[PDB]
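Below, each chain spelled out in residue letters.
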Amino acid sequence: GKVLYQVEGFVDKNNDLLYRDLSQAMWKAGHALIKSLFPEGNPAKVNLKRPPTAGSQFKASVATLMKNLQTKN
Amino acid sequence: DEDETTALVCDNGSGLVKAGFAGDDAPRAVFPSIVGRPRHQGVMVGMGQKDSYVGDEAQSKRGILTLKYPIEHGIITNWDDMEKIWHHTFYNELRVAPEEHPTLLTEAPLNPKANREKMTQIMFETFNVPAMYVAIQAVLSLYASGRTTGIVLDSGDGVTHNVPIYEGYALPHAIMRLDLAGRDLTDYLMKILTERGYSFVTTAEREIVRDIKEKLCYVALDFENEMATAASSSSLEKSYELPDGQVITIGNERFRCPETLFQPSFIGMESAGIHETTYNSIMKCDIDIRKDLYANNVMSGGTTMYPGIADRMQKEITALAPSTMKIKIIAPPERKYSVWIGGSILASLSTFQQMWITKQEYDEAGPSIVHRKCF
Amino acid sequence: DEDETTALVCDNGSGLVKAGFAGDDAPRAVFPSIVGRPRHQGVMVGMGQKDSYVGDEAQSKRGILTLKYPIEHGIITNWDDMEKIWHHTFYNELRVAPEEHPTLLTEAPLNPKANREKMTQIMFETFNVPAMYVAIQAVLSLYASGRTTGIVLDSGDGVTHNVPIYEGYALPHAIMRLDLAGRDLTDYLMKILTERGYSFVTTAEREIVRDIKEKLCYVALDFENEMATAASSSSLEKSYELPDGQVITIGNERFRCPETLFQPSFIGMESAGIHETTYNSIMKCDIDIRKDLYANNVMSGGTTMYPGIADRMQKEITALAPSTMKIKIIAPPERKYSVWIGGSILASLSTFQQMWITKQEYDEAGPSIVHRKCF
Amino acid sequence: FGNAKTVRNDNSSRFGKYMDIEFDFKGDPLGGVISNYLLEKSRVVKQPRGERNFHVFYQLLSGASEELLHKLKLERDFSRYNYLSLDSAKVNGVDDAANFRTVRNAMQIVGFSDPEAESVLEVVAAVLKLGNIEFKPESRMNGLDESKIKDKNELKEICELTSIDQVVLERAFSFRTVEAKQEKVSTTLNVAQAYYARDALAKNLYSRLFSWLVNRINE
Ligand SMILES: Nc1ncnc2c1ncn2[C@@H]1O[C@H](COP(=O)(O)OP(=O)(O)O)[C@@H](O)[C@H]1O
Ligand SMILES: Nc1ncnc2c1ncn2[C@@H]1O[C@H](COP(=O)(O)OP(=O)(O)O)[C@@H](O)[C@H]1O
Ligand SMILES: [Mg+2]
Ligand SMILES: [Mg+2]
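Protein chains in written order, with PDB author numbering: chain U, 517 to 589; chain R, 1 to 375; chain S, 1 to 375; chain V, 152 to 370.
Hint data in this document are derived by calculation from the structure and do not stem from the laboratory. Cβ coordinates follow ideal geometry from the N, Cα and C atoms, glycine included. Check before you lean on any hint, since a few could be wrong.
To be verified - Derived DEER-like restraints, expressed as beta-carbon distance ranges:
#1 V/304 / R/276: 48 to 54 angstroms
#2 S/349 / R/173: 34 to 40 angstroms
#3 V/200 / R/91: 56 to 62 angstroms
As the list claims (entries may be wrong) - Among chain U residues calculated to face chain R with C-beta under 8 angstroms, some are:
#4 565
#5 567
#6 575
Stated by the list, open to error - Under the rule of at most 30 angstroms between Cα atoms (straight-line distance), these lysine-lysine pairs were calculated in the DSBU-like manner:
#7 V/335 / R/215
#8 R/291 / V/299
#9 S/315 / S/336
#10 S/336 / R/373
#11 R/326 / S/61
#12 V/156 / V/168
#13 S/315 / R/326
#14 S/315 / S/238
#15 U/583 / V/177
#16 V/197 / U/551
#17 V/177 / U/544
Between the sequences and the hints, there should be enough to build the whole structure, so can you do that?
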């Protein structure tokens with residue numbers, strides 16, 4: 517049925533900028549777990565074509581989970 | 001080869017090819033826009049030694065080549081040489097097939113339209129791209145600034161624009177195009193280094209003069225007292241090691257190079273300078289736009305990496321514009337790349353995907369379709 | 001949305017939309033009656049940038065628009081544009097549904113009747129109001145004065161009336177309508193500022209001239225000695241900062257703008273002036289009314305906020321009317337809003353609720369019903 | 152790590168959990184693989200009112216000891232965090248302090264060592280601890296559109312907790328670097344993009360921590 521969505525904070529919550537200085541910085545940090553979380557923080561590994569966003573991640577995640585789901589019965 | 005439909009942002013303004021993918025921060029393939037040709041005979045049997053050297057490979061062999069920029073003042077002169085530059089661009093440096101990717105070219109406003117039209121003809125007939133667009137350099141320089149309102153100064157290797165844009169709308173009557181840019185500053189710098197005593201006449205030596213211009217020049221905030229300072233003492237004399245041997249030491253030539261950009265009477269080109277083409281482009285706009293052009297003056301292309309050019313720019317426009325105005329010369333240090341970055345943004349928008357000049361629409365109305373779809 | 005049956009008082013006389021609820025002091029939505037349209041192409045992809053800018057939002061973007069008043073001299077010219085003004089009025093600024101509220105329009109007397117009739121047709125067919133009324137501007141200007149007897153001068157942006165009313169009865173034969181009003185004074189002020197040296201030709205520049213008229217004009221109680229005073233010294237020269245830069249300094253143009261209202265030979269329009277249309281509207285009335293029109297002369301619409309206009313008005317009518325009369329020019333400083341305020345009073349009376357032109361009575365006799373119920 | 156009290160639930164699942172039950176082709180049991188999907192990470196940096204963050208923050212603050220919260224440099228009042236409110240700090244029917252020892256016990260049963268799980272608590276303490284960093288515009292001197300941190304005492308405890316030098320991360324909130332084939336240069340972020348950079352670092356750090364948790368349980 518009809519669902520009402522308040523527009524407050526959509527653009528605020530799509531923002532998912534995780535640019536290269538944060539990943540290289542936390543890869544530089546001495547904690548081995550934080551190195552284990554960000555494998556792309558190595559500057560020897562070229563970062564890539566690498567933009568945000570959040571809704572692209574949730575869209576590709578629903579599409580990917582939908583794919584792995586519908587390959588089974 | 002590629003499992004994506006990512007749009008290609010290829011950007012030769014006039015003097016430096018930068019290219020890459022849509023939705024990316026840094027341009028992937030950056031190399032100079034030169035084609036090489038051996039000006040004398042070969043001797044060693046079994047070498048390879050093809051009669052073409054394009055991009056930075058030509059700068060590896062620039063001692064034995066006649067370097068030749070195929071595009072001059074934003075106008076493409078030799079279409080075969082520019083086809084070599086594009087072939088090396090997509091097939092060697094960027095290393096991707098143009099058949100599967102839309103392309104986003106760039107050019108100057110007030111262009112001869114055979115450049116735009118024949119550029120679209122080469123992009124569809126030779127490389128067979130599915131989609132194509134002819135982006136304005138300065139508008140993309142405003143896309144990377146994160147704004148929708150501002151007047152744009154970029155000043156590439158062969159052209160400068162000062163395109164004013166207010167709230168998503170450009171002002172096409174207030175547009176400007178001055179042909180004084182970094183290559184003319186390179187030739188003037190070569191002339192005044194000949195005046196000091198270092199004779200540079202070869203195109204490879206001209207490339208060395210371009211290197212000295214990039215490394216060792218600043219803008220001279222007040223040119224008169226800086227000129228008297230350079231005439232006073234040797235605190236401005238700086239040594240630069242040339243490739244293979246003899247060092248140089250430049251004095252007043254360190255700052256008389258970009259003063260030519262602010263004063264074209266040194267190179268004898270009849271103009272008003274950068275700071276008065278900005279003010280004339282603002283005064284050609286209407287009355288209720290100008291403080292939004294004063295607070296958002298963008299200076300984000302090439303040939304602006306001279307230190308303190310925002311101080312000379314703001315310090316001069318403040319003398320030209322009336323008082324109680326906030327002259328904000330926006331100089332984001334990511335410039336020389338911001339036209340590519342605006343290419344990456346504009347190629348990655350959702351609204352842009354019905355503005356592509358595409359094949360089967362190119363073939364419908366021929367090569368003139370760019371003058372009715374693009375601008 | 002709204003839990004009330006409060007009547008809407010919407011008031012566009014000719015040049016400034018003011019609207020609000022019945023039984024209220026201040027009008028809730030006050031914005032200029034302009035529609036905008038971009039006179040050139042857009043460039044930035046992904047902006048919004050609809051091809052309509054109405055109200056004060058158009059004045060936010062007036063540098064890039066062709067401003068166009070949809071109603072001229074109280075006569076609506078473009079019905080689609082006025083429908084945009086009403087749509088923005090009820091749905092955006094006032095932010096209420098017209099389906100649940102009666103509406104109280106305003107117009108000029110001696111109107112072309114297709115304005116009244118098609119205005120009622122748009123109010124019932126498009127917005128579907130339950131009730132509707134076509135109020136006279138000047139009579140409502142006498143409702144806010146708290147009187148039942150007086151002659152009414154309002155002088156809006158496109159019309160002036162001088163409607164005499166005695167003891168609840170108006171005098172329809174002694175009514176007047178002069179087409180000299182504040183917009184013609186704005187054009188004449190633009191002409192004489194072109195005479196001084198400041199060239200204004202754009203509609204946005206015309207809006208700036210309207211701003212200078214609102215801020216920096218007075219009435220010149222004696223125009224001859226004030227003219228010799230302005231020719232004498234620079235005690236009348238006043239500087240006004242234009243938007244974005246250059247200041248102006250006006251002299252005799254500070255008071256020659258409303259003297260055109262008191263003397264239409266400056267604008268070449270064949271008339272008698274405001275002060276003689278009042279005296280002619282009094283002399284068209286009968287003999288035993290006139291001292292009640294002298295003691296209750298109301299001057300409470302727009303374009304009367306010039307300082308001292310009551311002194312010029314009383315000082316001139318005293319010269320016209322015979323002696324031993326008490327010329328009381330009633331100028332309550334709540335004017336420019338008093339036609340809306342009289343709308344609020346008249347819409348909040350108890351007797352008025354059987355004078356509404358309503359639906360199922362509109363549909364009974366068609367759109368001509370306004371010429372038999374309203375006046 | 153994946154539940155929150157909502158407006159209409161006392162306890163609600165805000166992700167999808169998938170389970171591989173893998174058999175031999177002839178029909179004998181082999182194993183299984185947990186896979187997480189759709190972690191609502193936007194709850195980490197801001198909650199709608201009348202709701203709750205993920206339970207591990209409340210259980211971590213309410214259930215830990217003095218030496219552990221001194222090692223993590225965590226105040227245990229819920230008023231001293233920008234990612235937590237005092238209103239939903241407590242409901243009835245759910246006791247966070249005993250459930251914390253239930254989660255650490257259960258984490259030991261599923262098989263993690265003491266400094267491993269303690270390091271997980273270091274990263275969770277970093278995600279919660281990132282919330283008290285605020286920005287301000289740089290205007291002394293003004294050039295050009297530069298973001299500034301407000302205080303260093305929170306940041307130096309985060310950097311000491313993560314064993315990183317402070318000036319690298321203080322650079323990393325305000326500047327973004329554009330590279331090339333031959334060069335890289337740092338341009339400024341403004342005030343707002345500094346806020347979304349901090350929040351994106353928080354929720355991405357928490358989400359990738361949760362995926363690493365599922366990965367390490369999969370062994
Ligand atoms: N750091 C620098 N200092 C001075 N000049 C520079 C610097 N970097 C590049 N340039 C000049 O800018 C020109 C290239 O500008 P760019 O806009 O990249 O050209 P294109 O029009 O090909 O995009 C070259 O002529 C070069 O001399
Ligand atoms: N303070 C002021 N001084 C002089 N003129 C004014 C002032 N305020 C408004 N005006 C003029 O009055 C006109 C609006 O009058 P008004 O009666 O409100 O119009 P409407 O007919 O829309 O009700 C405008 O054209 C404006 O130029
Ligand atoms: Mg360029
Ligand atoms: Mg009026």
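Cross-check of the supplied hints:
Hint check: residue 304 of chain V to residue 276 of chain R, Cβ distance near 51 angstroms, so the stated range 48 to 54 angstroms holds. Checked against the hint of 34 to 40 angstroms, the pair residue 349 of chain S and residue 173 of chain R fails, with Cβ atoms roughly 56 angstroms apart. Between residue 200 of chain V and residue 91 of chain R the CB atoms are about 57 angstroms apart, so this pair conforms to the stated range of 56 to 62 angstroms. At a threshold of 8 angstroms, the smallest CB-CB gap from residue 565 of chain U to chain R is about 4 angstroms, leaving the interface hint in force.
The criterion of a C-beta within 8 angstroms of any C-beta in chain R is met by residue 567 of chain U, whose closest approach is roughly 5 angstroms, and the hint holds. Violation of the interface hint for residue 575 of chain U is found here, the shortest Cβ-Cβ separation to chain R being roughly 13 angstroms, above the 8 angstroms cut-off. This hinted pair checks out: residue 335 of chain V and residue 215 of chain R have alpha carbons roughly 16 angstroms apart, not beyond 30 angstroms. With a C-alpha separation of about 27 angstroms, the suggested pairing of residue 291 of chain R with residue 299 of chain V holds against the 30 angstroms cut-off.
Simply put, residue 315 of chain S and residue 336 of chain S have alpha-carbon atoms about 22 angstroms apart, close enough for the 30 angstroms limit, and the pair holds. The suggested pairing of residue 336 of chain S with residue 373 of chain R is violated, with an alpha-carbon distance near 49 angstroms, which exceeds 30 angstroms. Restraint check for residue 326 of chain R and residue 61 of chain S: the C-alpha separation of about 20 angstroms stays at or below 30 angstroms, so the hint holds. Simply put, residue 156 of chain V and residue 168 of chain V have alpha-carbon atoms about 18 angstroms apart, close enough for the 30 angstroms limit, and the pair holds.
For the proposed pair residue 315 of chain S and residue 326 of chain R, the alpha carbon gap of about 49 angstroms is over 30 angstroms, so the pair is violated. Restraint check for residue 315 of chain S and residue 238 of chain S: the C-alpha separation of about 26 angstroms stays at or below 30 angstroms, so the hint holds. Restraint check for residue 583 of chain U and residue 177 of chain V: the C-alpha separation of about 26 angstroms stays at or below 30 angstroms, so the hint holds. At most 30 angstroms may separate the alpha-carbon atoms for a hinted pair to count; residue 197 of chain V and residue 551 of chain U meet this at roughly 26 angstroms.
Taking the CA atoms of residue 177 of chain V and residue 544 of chain U, the gap is near 48 angstroms; set against the 30 angstroms cutoff, the hint is violated.
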